[PDB]
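Chain residues, written in single-letter form:
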Amino acid sequence: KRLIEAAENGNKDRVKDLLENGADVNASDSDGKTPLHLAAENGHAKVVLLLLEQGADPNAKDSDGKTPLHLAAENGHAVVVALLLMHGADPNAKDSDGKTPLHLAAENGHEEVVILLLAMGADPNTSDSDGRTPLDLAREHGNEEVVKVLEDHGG
Amino acid sequence: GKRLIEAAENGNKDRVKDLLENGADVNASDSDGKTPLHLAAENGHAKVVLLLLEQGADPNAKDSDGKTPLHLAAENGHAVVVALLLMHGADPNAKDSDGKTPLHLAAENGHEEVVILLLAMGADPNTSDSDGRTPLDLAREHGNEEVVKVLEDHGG
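Residue numbers (this note's numbering), protein chains in the order written: chain W, 22 to 176; chain D, 29 to 184.
Think of the hints as simulated: they come from the structure by calculation, not from any bench.
It cannot be assumed that every hint is accurate.
To be verified - Cut-off 30 angstroms, straight-line C-alpha distance, at most; resulting in silico cross-link-like pairs (DSSO-like, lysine-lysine):
#1 D:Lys177 to W:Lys67
#2 D:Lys177 to W:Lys22
#3 W:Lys22 to W:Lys169
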């Protein structure tokens with residue numbers, strides 16, 4: 022409960038003391054949001070690492086089917102994405118719109134995140150609910166470097 | 029091999045791919061022991077780094093200074109490159125000729141994101157270089173306060 026708000030604002034000290042007091046590393050909000058979802062979304066890499074080493078699930082799905090990897094990828098938090106991938110976050114997990122972390126990174130033009138996801142086996146040809154691939158979204162965004170990266174990985 | 033090294037240094041992914049298709053050795057070395065992966069990691073060419081790694085480039089190949097591509101990427105603060113190298117098994121505790129690990133080089137140059145990634149992959153925060161200095165001593169010496177705190181929190 023308090024741990025979720027402490028991970029959200031990137032308050033590492035308050036996160037550390039709440040788990041020392043016995044707070045569940047995998048505690049969930051009414052929206053299925055865990056402390057790892059919010060720290061990942063907000064780009065708090067140090068908090069993300071502490072949560073991961075304490076056993077936080079990098080594949081926990083919220084009510085939108087989004088994992089902390091979806092949220093970090095969407096926001097272009099490259100270091101956070103790398104930390105999640107290192108701890109076994111699925112780069113092909115689909116949200117409620119059928120979008121993988123790669124679809125969200127490509128849509129928002131996050132080249133570094135796209136590279137990291139592809140390196141960890143993200144399928145560049147996965148179709149979302151509208152039948153669109155991350156390449157289709159990268160072309161809609163217009164960043165030609167992301168377009169090129171996806172094309173080079175068999176997109 | 030020589031053409032592959034310069035192309036990897038320039039970040040020319042298409043020329044790198046063309047040379048590998050023509051039979052260029054992924055692990056070709058210069059007279060200084062620098063491989064195409066050493067130069068692509070040093071110059072921060074993440075896309076070239078990924079292509080080289082998937083084609084079998086050694087992330088632990090040592091140059092004449094005992095530096096691996098991880099040392100060079102960590103020293104220059106290339107976070108994405110560091111993450112790519114770590115994913116492919118680069119040793120975060122490898123020592124160069126000065127006894128410095130990539131963590132010593134990252135801490136010396138104030139590269140906080142690189143330090144976080146190295147620590148996450150098991151880099152020992154208390155390794156001593158040839159002068160008996162730890163990454164914390166080097167982070168302190170060069171006034172890198174953000175790096176100092178991170179190292180202290182990881183048992184430094």
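The hints, checked one at a time:
1. D:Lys177 to W:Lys67: Satisfied, since the Cα-Cα distance of roughly 11 angstroms is no more than 30 angstroms.
2. D:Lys177 to W:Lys22: Holds. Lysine 177 of chain D to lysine 22 of chain W sits at ~27 angstroms (cutoff 30 angstroms).
3. W:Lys22 to W:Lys169: Since the Cα atoms of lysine 22 of chain W and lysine 169 of chain W sit roughly 43 angstroms apart, the hinted pair is violated (cutoff 30 angstroms).
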